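Have a look below at one chain only, the form solved without the ligand, in structure tokens format.
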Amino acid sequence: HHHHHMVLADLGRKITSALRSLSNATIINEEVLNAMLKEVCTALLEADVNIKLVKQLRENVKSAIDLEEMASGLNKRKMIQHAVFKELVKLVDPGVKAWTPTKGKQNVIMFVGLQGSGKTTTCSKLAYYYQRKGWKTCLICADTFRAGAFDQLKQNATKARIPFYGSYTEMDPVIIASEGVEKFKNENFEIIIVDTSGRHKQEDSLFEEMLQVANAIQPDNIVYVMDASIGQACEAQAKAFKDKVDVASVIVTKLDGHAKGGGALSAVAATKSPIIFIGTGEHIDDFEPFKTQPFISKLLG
């Protein structure tokens, strides 16, 4: 796994090629600019970005660039590249600030996801992240001890030395969560992370159980964990989540190993749901916060 410098390397290679050709054109004119936008738009469609979002990006770049009469002192090939960079950041950016825990407060974070989302590993990763930043953090499994994800979260918590709460008798996941959050609030924890059952294929049953547990524990933030390998079909998925909760965040997994990561990122951003982290592998530190400007910076660098 040495081949690429960025998860969107194939998209980035096509965009930097387009931009290099424009910066090397002997004269910069509308034909040269349009040739570049064509290559950029095509690369984004080949990354499974939705046509509507690709058409809007092109509009925006053409609206930002005024070739005919232009500012004295500007390098106009550089201005065009900055216009494209800026519009690529917008394309993966929700336009909205994500919720963050407050220091000195108790913060309850509830996870939801469909089967195959990587929800449960993502829980321990978020806990490790906050534990490493000096927060007193804990995990609750609001699920039956017979579920595979119960042992999974417990063994992950043990290795990381993160306090874990599950029940070895209680059948009702709502009661489990309530009891778990009560215990950890009483023990002065700052970050309290609640994993729910991931054994849902349909949104219907997933969002049903989601509201049951939400109402019981009053979470400060709900994180939807999504498999990004479905590309732009992430939009409908993210919209339905966002319409059902007030304080909504998304963590994307499976962003690698396929060509559709740009589509997935831009679909979620199109719903104005902020992706807060990316899960990048099997290990507990395979995890990174999602910052759009540095993300696009590293891609085109």
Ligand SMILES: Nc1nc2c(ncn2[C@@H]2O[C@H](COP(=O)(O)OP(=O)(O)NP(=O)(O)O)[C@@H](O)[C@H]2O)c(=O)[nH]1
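We call the rigid core whatever largest set of C-alpha positions still superposes within 1.5 Å between the two forms. Positions refer to the first chain, counted from 1. What changes on going to the form solved in complex with the ligand:
- The rigid-core alignment places the CA of residue 85 2 Å or more apart between the two forms.
- Residue 100 is not among the residues whose C-alpha shifts by 2 Å or more between the two forms once the rigid core is aligned; its shift stays under 2 Å.
- Once both forms are fitted on their rigid core, the CA atom of residue 185 lies less than 2 Å apart between the two forms.
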Second form
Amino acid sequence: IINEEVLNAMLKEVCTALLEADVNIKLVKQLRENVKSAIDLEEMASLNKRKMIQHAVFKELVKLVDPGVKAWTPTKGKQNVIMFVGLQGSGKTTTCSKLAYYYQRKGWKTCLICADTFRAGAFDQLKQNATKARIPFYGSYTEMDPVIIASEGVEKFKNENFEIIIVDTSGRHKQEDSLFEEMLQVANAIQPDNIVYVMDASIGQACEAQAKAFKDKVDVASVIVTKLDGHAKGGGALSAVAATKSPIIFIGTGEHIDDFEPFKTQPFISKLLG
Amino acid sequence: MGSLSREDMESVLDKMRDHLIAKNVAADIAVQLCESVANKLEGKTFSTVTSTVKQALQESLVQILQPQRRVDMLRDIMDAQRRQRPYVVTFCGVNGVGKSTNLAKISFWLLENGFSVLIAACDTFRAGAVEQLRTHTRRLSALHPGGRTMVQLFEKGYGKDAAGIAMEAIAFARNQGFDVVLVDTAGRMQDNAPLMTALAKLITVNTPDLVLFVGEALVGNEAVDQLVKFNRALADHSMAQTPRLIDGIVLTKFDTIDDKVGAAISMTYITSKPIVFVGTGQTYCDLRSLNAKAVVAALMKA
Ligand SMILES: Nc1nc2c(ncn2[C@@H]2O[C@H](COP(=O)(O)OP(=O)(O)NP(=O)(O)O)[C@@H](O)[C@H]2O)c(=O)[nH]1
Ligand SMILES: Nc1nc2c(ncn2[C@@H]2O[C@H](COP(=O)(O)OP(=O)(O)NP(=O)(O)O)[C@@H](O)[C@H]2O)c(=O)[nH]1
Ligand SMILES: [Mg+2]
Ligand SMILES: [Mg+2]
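Could you please show the structure of the form solved in complex with the ligand, as a counterpart to the form solved without the ligand just displayed?
Below, the chain from earlier opens the complete complex, with every other chain and molecule after it.
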């Protein structure tokens, strides 16, 4: 009896923390029965209950962030095309320059393509970013067909033999079929080696539905969770990984170009957990 | 009481809490909501119990969505004109939520109704921030609502202190007789004290007529933290004895969340402040006012 109450006590505490880290409530309820299956109060000899339970919780979170697919990597000498997709405001344009700068300081020939023909200032923004970081950019103040821009950009930087060709696209949401089709046309056009779904860490329960639809329309292969600076929890990332069948590769930790680091699981989960 | 009365209520209250959470109500708001239902229902037929909590929840949700009195911008602008001072409006919010886009929608709306507006470009930090505003001002000038001037962008490029630009823009506005100043500010996380302080300075130095928090309906539990923190800087960093606080809410990207509508409640719960505008898309006409019934209806069907 005492053991049951203890277990229901820690578990209620874990589950309330997880929901307020913006984990999908279905995920939280599933983990709860997953930790219950994996724990037997009766076998525990006199040892400490909490520590085994905390481990059991933490071990089940680790399964959730691991998609069991190894993250994709660029290959030296070949033309690597990387495409950015994500919801409106998710951080795509800023992250494009962050990823380019990451690779450029690691010795890669990187460029940027602004193929956002909708957002006011979309080229200016990417242009200014790229210029401050000494990274080649390509776009147009006049062209309105983003498939043309992304095609002309990708080929141009290939004829100049770049290694990292990063295409920035417009923000779009799942219930806008014309945007989700335009996104399909850009991907088919440039044939990217790696599509990055970008998600704002402050996203709530809507994450699984959006992220799933991005993966249903286009072969999302990677995830970058932005705005994890400081205090953000980012529990939507679990829905994102499960929905897009992709690993989280980096995290964005601020507005500046160097606020960018490769994703590591345990510290992310520790912050998530407590 | 009774004990199995309470027992039946809480069991169905729990199913409702897990329902509001799934629809993106902030968990602890969802919790406080039901505990309030409990106090109201307790002391006074299983289906009636189900229907009594479902009905009683619905009643409180409507009350939460529309607190105080609906905000009447065009009417209050008239009072500003009678005093011969611009009606000043500040937009604030975290990174990416739709401040610059929705400021433009609003000016379209004001312009079509015959009011001159000066857009203050007081995001002097983020790349593009000003070209982006500039594109909107050029498009809004087409409304013409020729001689005189209805829209102008007040701007000083990047790098400069946004509390000072905003003071100049307002003074310029009064000087040229613009009806409205729309102050765009830069995206900032709510736990970044420097940015939170500078925002508070812009506000307390300039004391606008209306401070509008911009939140996206895609946010989850941070809907509460953003708003609590923003109102705390505004209060903590005020120089007035009367602290200047957030006046209302613009809830954006309502077209992205299907029925997971609950962020409307997170934000109307923690302030006694109304949702002045709903963003329903990326264009000038995607600006709705909030219908409580339609929101609460969504929140029950799931
Ligand atoms: N604090 C913080 N801000 C970030 C981070 N990543 C991006 N931002 C900020 O949040 C906003 C993201 O803008 P942006 O890069 O335009 O995102 P987007 O997905 O391209 N938007 P759009 O859909 O309009 O194309 C900007 O204000 C940027 O400065 C981050 O990791 N931390
Ligand atoms: N679907 C949809 N997108 C919206 C809505 N409001 C804004 N957006 C989108 O959100 C993205 C960011 O808009 P923006 O005005 O730049 O937001 P901001 O608060 O000013 N961002 P920043 O903090 O970087 O300055 C753009 O893609 C814009 O089109 C809305 O109601 N619906
Ligand atoms: Mg962008
Ligand atoms: Mg802005």
